[PDB]
Amino acid sequence: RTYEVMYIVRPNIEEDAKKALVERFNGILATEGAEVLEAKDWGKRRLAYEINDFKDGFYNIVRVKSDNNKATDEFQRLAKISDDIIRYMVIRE
Amino acid sequence: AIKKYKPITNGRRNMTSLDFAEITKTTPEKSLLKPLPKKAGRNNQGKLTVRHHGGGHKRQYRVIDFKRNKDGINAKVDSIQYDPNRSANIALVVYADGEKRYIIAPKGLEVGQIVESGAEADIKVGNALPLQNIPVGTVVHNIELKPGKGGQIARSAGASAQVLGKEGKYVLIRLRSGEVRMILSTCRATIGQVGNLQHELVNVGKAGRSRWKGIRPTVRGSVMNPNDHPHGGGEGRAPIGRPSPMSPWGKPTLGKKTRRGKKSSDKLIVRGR
Amino acid sequence: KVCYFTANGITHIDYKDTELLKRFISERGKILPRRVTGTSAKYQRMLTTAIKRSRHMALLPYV
Amino acid sequence: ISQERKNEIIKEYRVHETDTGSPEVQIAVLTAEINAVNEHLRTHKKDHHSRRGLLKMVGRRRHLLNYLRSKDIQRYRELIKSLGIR
Amino acid sequence: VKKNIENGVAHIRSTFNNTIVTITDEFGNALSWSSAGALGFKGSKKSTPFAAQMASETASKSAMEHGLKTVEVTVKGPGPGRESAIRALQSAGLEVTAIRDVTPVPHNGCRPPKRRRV
RNA sequence: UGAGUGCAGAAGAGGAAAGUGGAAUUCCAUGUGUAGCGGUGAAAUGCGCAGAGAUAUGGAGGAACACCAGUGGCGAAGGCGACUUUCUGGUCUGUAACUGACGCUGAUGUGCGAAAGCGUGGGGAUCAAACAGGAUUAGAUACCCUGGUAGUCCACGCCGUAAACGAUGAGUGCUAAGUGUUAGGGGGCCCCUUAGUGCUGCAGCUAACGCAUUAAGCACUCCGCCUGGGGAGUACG
Ligand SMILES: [K+]
Ligand SMILES: [Mg+2]
Ligand SMILES: [Mg+2]
Ligand SMILES: [Mg+2]
Ligand SMILES: [Mg+2]
Ligand SMILES: [Mg+2]
Ligand SMILES: [Mg+2]
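Chains as they are written, first to last, in the authors' numbering: chain g, 2 to 94; chain G, 2 to 274; chain s, 14 to 76; chain p, 3 to 88; chain l, 12 to 129.
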């Protein structure tokens, strides 16, 4: 089961904790009986509409192969808490 | 959920009660019990100040941690027990240093399940955090209003509160009863609803089943005499006979607010009701 | 007229290719109809899914 | 279910190797299916659209099973004791 | 009493029984409005193109005292008052920097009211 | 050959639990600023100088998901429309490995069944029975207007109805054509063919209207139902 995870990180995080955050989330998606076919990053791109009085934000794709869904569920769960994160979507492909 | 007893007699005719299926041990922990004699509304003066108490089954007090100061350590739920001292069910949590303490058990807490505490904790149910590290919207219980004292604002069954926002040093909380209140962000809380969510759907069926609890009967004012109650007196049944329904000690009771107004929380309270 | 996807041989539309999707949109962010674009129904339905996903992820506007 | 479990079970009930269409094979598959759908329903008990397919599967099973009973009671009795459905 | 704001917005709300034309900053702060009811129009006159012109003129002449030359136009609602109001705004000695016919159209939201039978 | 399985493919608002999002309405608080707003065939009640409405910012909360959208699709029907994940059913095409009539219909029975309604417990923005007021009118316990409780919303139960309509029972087969569309397949943009979905139309049928390869035709099988109108879908059970 090959999934595809993309999320958004608020622009006002410093690069170090931003790298740390992305290591955290890749390690989450991988370290629950999965692997990562690719782990990608675009850049601080523009948004079509504002979030919480943010205008632009980072994007990060994490194309995952897995099964049993636990990793993706925990991703959604923790991304809910993390205010460093704004959006998240998973798409089975 | 609820046991509906069949109607043999007229005392079990409309009764219900609880399955008691959340409950795994009955025999408590001897080490944490304390005595609890009935006082029955009887003051220091010996006098009956508060009515409609007394004459109930005896109880023994299960000593509970509303503080959760044991942080960093992780716990393991052992048993979910009964507490007569309250409406909720409790849990014997075993810390890895080998200590046993009771807590208010939430909705969805299972045996063998882990319970952390502190600021560095996960956000899972049963875990105890301060309202800083608790994010917005999450549903919580057992809030303390003074850091170090212990949880006082969500302790009954099925009860919970909601975190809304932050005013810097303070935190907005949407209590049950609909009343919003700033609370200080060092103060701890737990994630979830308190359990025994069907405690309110219990029809008691009998007068005895209330006397077992310690509830003497309420006599009404329209039957007392004028020496005893201002609603009282009258030839035949009589109505109230006043602009306002009054209490026994001669205060109005219907609609009249009874709150002190130079109190220190009056600014901490954003919305009421 | 003609279908763009059938024309180009592409058979599976991605929720991330705004430089492919933004020409199936009006000025106001609205999804264009099929009589206008000349697409097939299969690919039009794909467009709905991909576009609305892209809008969720802010890759395109609702308006 | 999937082709994996499907093959895994029809291998051991097929009367021979190229057979994949005998009543025994079908009803074994069906029993697997109805058990799966029941375990779905015990959670999502309000999916009547799926209970419908369950009922169709049961009827088709019983029809095959009556036919096999008519044909060879020995295979009937053996299959039902192997599956535990009576 | 004095205010010196050079550029602003004009918000033209028009309906089938009234128009209102208010003149604000580029930050949502009011300087002036006018309304057919302010001018005294009562009935099927408030609906008209005429009262629309007269209200736009009155509010623009109330607002140029605060020193306004350019102004952004912001239309809301249906009704045959908006075009006349805007032409009148050109006649009121003010320059027109943008029209926006934005109208709150929901995404299949709250349930509207029942149908009138007359 | 029919009916079913398998293998390779396709589509899909089919269903169920959770999760995310944006536009709008309402409400609140603050700023600006002042004379009405709203509504009408026309007016008034209502709100408003205690600063409304407009406007900007922000928040709370509930409901429904604009454009795509289509005589389009799916579902046994009822019904299903944002997006996502998890679970899940059924159908179509091609093949011709596989079983070899296993099929059809189906009384009693069982179970699903719009909307309203009921019970419990939550929720509660909009809309809105009843209710109040204004207006209209000979009168108006109506239309129209301002408001507004149940209710609409969620879960677990119950009811078990509808112009629940295609007013057309299910299954199978034969009977001219033409043209659009949906998901497929084979051949060389065109042809041919499956299963659906619309229009026009010959034979035939029909009391006429009209149906006409999605029959209301030709025929067979099974089920239910009608036997003048009212009383009466009443009464007793
Ligand atoms: K219908
Ligand atoms: Mg007496
Ligand atoms: Mg007295
Ligand atoms: Mg008397
Ligand atoms: Mg009296
Ligand atoms: Mg009304
Ligand atoms: Mg056809």
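Derived by calculation from the structure, the hints in this document are not laboratory data. Fair warning: there could be bad hints in the mix.
The calculated BS3-like cross-link candidates involving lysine-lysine, where the alpha carbons are at most 25 angstroms apart (straight line), are [unchecked claim]:
(1) s/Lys35 <-> g/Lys56
(2) G/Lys101 <-> g/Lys56
(3) l/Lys72 <-> l/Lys56
(4) g/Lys20 <-> s/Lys29
(5) G/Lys147 <-> G/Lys26
(6) s/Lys65 <-> g/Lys56
(7) s/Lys14 <-> g/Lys41
(8) G/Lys264 <-> G/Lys207
(9) G/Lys4 <-> G/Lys40
(10) g/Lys66 <-> g/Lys20
(11) l/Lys13 <-> l/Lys56
(12) G/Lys5 <-> p/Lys47
(13) s/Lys35 <-> s/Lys14
(14) g/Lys81 <-> G/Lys167
(15) g/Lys66 <-> s/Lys29
Hint by hint, here is what the structure shows:
no.: 1; hint: s/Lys35 <-> g/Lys56; in the structure: holds, 20 angstroms
no.: 2; hint: G/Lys101 <-> g/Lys56; in the structure: violated, 51 angstroms
no.: 3; hint: l/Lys72 <-> l/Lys56; in the structure: holds, 22 angstroms
no.: 4; hint: g/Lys20 <-> s/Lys29; in the structure: holds, 23 angstroms
no.: 5; hint: G/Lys147 <-> G/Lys26; in the structure: violated, 33 angstroms
no.: 6; hint: s/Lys65 <-> g/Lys56; in the structure: holds, 20 angstroms
no.: 7; hint: s/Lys14 <-> g/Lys41; in the structure: violated, 39 angstroms
no.: 8; hint: G/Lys264 <-> G/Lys207; in the structure: violated, 42 angstroms
no.: 9; hint: G/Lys4 <-> G/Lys40; in the structure: violated, 32 angstroms
no.: 10; hint: g/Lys66 <-> g/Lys20; in the structure: holds, 22 angstroms
no.: 11; hint: l/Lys13 <-> l/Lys56; in the structure: violated, 34 angstroms
no.: 12; hint: G/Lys5 <-> p/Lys47; in the structure: holds, 23 angstroms
no.: 13; hint: s/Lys35 <-> s/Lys14; in the structure: holds, 20 angstroms
no.: 14; hint: g/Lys81 <-> G/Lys167; in the structure: holds, 18 angstroms
no.: 15; hint: g/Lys66 <-> s/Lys29; in the structure: holds, 19 angstroms
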